[PDB]
Amino acid sequence: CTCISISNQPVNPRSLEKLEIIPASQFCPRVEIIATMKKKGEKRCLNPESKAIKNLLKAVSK
Amino acid sequence: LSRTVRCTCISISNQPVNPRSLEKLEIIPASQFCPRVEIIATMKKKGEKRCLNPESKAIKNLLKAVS
Amino acid sequence: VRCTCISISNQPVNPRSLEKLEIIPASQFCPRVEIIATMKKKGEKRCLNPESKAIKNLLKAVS
Amino acid sequence: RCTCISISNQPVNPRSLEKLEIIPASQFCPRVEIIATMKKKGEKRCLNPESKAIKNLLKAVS
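Protein chains in written order, with my numbering: chain A, 1 to 62; chain B, 1 to 67; chain C, 1 to 63; chain D, 1 to 62.
Calculated directly from the structure, the hints in this document are not laboratory data. Any given hint might turn out to be false.
[Unchecked claim] Computed beta-carbon distance windows for the label pairs:
1. A:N8 with D:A53: 41 to 47 Å
2. C:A61 with A:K58: 40 to 46 Å
3. B:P16 with C:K53: 45 to 51 Å
4. A:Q26 with D:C46: 18 to 24 Å
5. A:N8 with D:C46: 27 to 33 Å
6. A:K58 with D:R1: 24 to 30 Å
7. C:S63 with B:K49: 25 to 31 Å
8. C:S27 with D:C46: 36 to 42 Å
9. D:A53 with A:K58: 24 to 30 Å
10. C:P31 with B:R20: 35 to 41 Å
11. C:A61 with B:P19: 30 to 36 Å
12. C:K53 with B:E55: 42 to 48 Å
13. A:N8 with B:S13: 30 to 36 Å
14. D:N9 with B:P16: 39 to 45 Å
[As the list claims (entries may be wrong)] Result set (BS3-like, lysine-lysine): computed pairs, CA atoms no more than 27 Å apart in a straight line:
15. B:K44 with B:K57
16. A:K40 with B:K57
17. A:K39 with B:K57
18. A:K43 with D:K44
19. B:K44 with D:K44
20. D:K52 with D:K39
21. C:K42 with B:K49
22. C:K42 with A:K62
23. B:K24 with A:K38
24. C:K41 with D:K19
25. B:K45 with B:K57
26. B:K45 with D:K40
27. C:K42 with C:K56
28. A:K40 with C:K40
29. A:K51 with B:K60
30. C:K60 with D:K52
31. C:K41 with A:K39
32. D:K44 with C:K56
33. D:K39 with B:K49
34. A:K51 with B:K64
The beta-carbon is built from N, C-alpha and C at its ideal position, and this holds for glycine as well.
Work out the full structure, taking the sequences as your base and the hints as a guide.
As structure tokens, then:
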């Protein structure tokens with residue numbers, strides 16, 4: 001897929017420009033949570049398993 | 001200061017979306033370029049881009065649903 | 001469709017802060033050319049003047 | 001991680017283009033990319049930033 005490497009690193013919501021979620025397609029057996037950081041626009045993936053993701057979305061809501 | 005450009009969504013839809021029909025989904029929290037969160041649903045069919053109303057209680061379950 | 005540009009800046013673009021640059025030719029619900037530039041920092045967008053020449057340069061300087 | 005996997009070779013009618021975007025070589029994708037969004041069925045297509053045509057096409061669409 002798009003992630004060459006998933007990250008277990010925490011990401012502070014307030015540093016999120018746009019969070020992207022791409023459910024398992026027909027040519028990518030697995031979920032993909034790509035975060036796009038503000039500064040520099042750093043793009044890194046997120047381990048779908050990690051627990052903080054299980055609430056990072058609820059965060060980017062307000 | 002005042003913002004130069006507009007937000008990405010002309011309209012936000014209250015209609016719910018079946019998680020399995022989503023091909024993508026992206027949350028874009030506010031900024032001083034679009035002072036409000038825009039939830040964009042990218043459907044599988046006709047690569048259409050429908051925006052979802054973050055207010056809709058519907059667009060609060062669709063996220064856990066995708067993972 | 002609509003025109004995303006509320007404004008257009010005559011300021012010069014940091015050819016190296018240019019995260020991404022879009023060129024939306026004139027449509028129907030937006031009868032004009034819009035040149036949007038997203039700067040890396042914060043990923044903030046800024047419209048550029050398509051009549052200006054800063055474009056002949058910048059645009060070319062980005063390929 | 002890059003957006004463009006395989007840049008296209010065949011010419012894009014300078015008018016039949018709905019939107020064009022340039023992403024200069026970044027710390028997240030070593031190469032200057034050019035995605036041509038097509039009106040009809042809004043297909044997406046990576047152009048070849050080298051074809052002398054492109055250099056001119058980016059000019060024409062302004």
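Does the Cβ pair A61 (chain C), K58 (chain A) satisfy 40 to 46 Å?
-> holds, 43 Å
Within a Cα-Cα threshold of 27 Å, do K42 (chain C) and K62 (chain A) meet the stated pairing?
-> holds, 19 Å
Hinted pair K42 (chain C) and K56 (chain C), Cα distance within 27 Å | holds, 26 Å
Quick one, are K52 (chain D) and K39 (chain D) close enough, alpha carbons at most 27 Å?
-> Satisfied, since the Cα-Cα distance of roughly 23 Å is no more than 27 Å.
Regarding the pair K45 (chain B) and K57 (chain B), is the alpha-carbon distance no greater than 27 Å?
-> Distance of about 24 Å is within 27 Å: holds.
Do the alpha carbons of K42 (chain C) and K49 (chain B) lie within 27 Å of each other, as the hint requires?
-> Satisfied, since the Cα-Cα distance of roughly 24 Å is no more than 27 Å.
Given a hinted range of 30 to 36 Å, is it respected by the beta-carbon distance of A61 (chain C) and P19 (chain B)?
-> violated, 44 Å
Would you check the hint for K41 (chain C) and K39 (chain A), treating anything up to 27 Å between C-alpha atoms as holding?
-> holds, 5 Å
Given a hinted range of 30 to 36 Å, is it respected by the beta-carbon distance of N8 (chain A) and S13 (chain B)?
-> holds, 35 Å
Measure nothing beyond the straight line between the CA atoms of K24 (chain B) and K38 (chain A); if it is 27 Å or shorter, mark the hint as holding.
-> Answer holds: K24 (chain B) to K38 (chain A) is near 21 Å, not above 27 Å.
Distance restraint between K40 (chain A) and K40 (chain C), which requires alpha-carbon spacing of 27 Å or less = holds, 5 Å
Taken at face value, is the distance from the CA of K60 (chain B) to the CA of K51 (chain A) at most 27 Å?
-> Within the cut-off at roughly 17 Å; holds.
When the structure is compared with the earlier hints, violations turn up for hints 8, 9, 11, 16, 17 and for no others.
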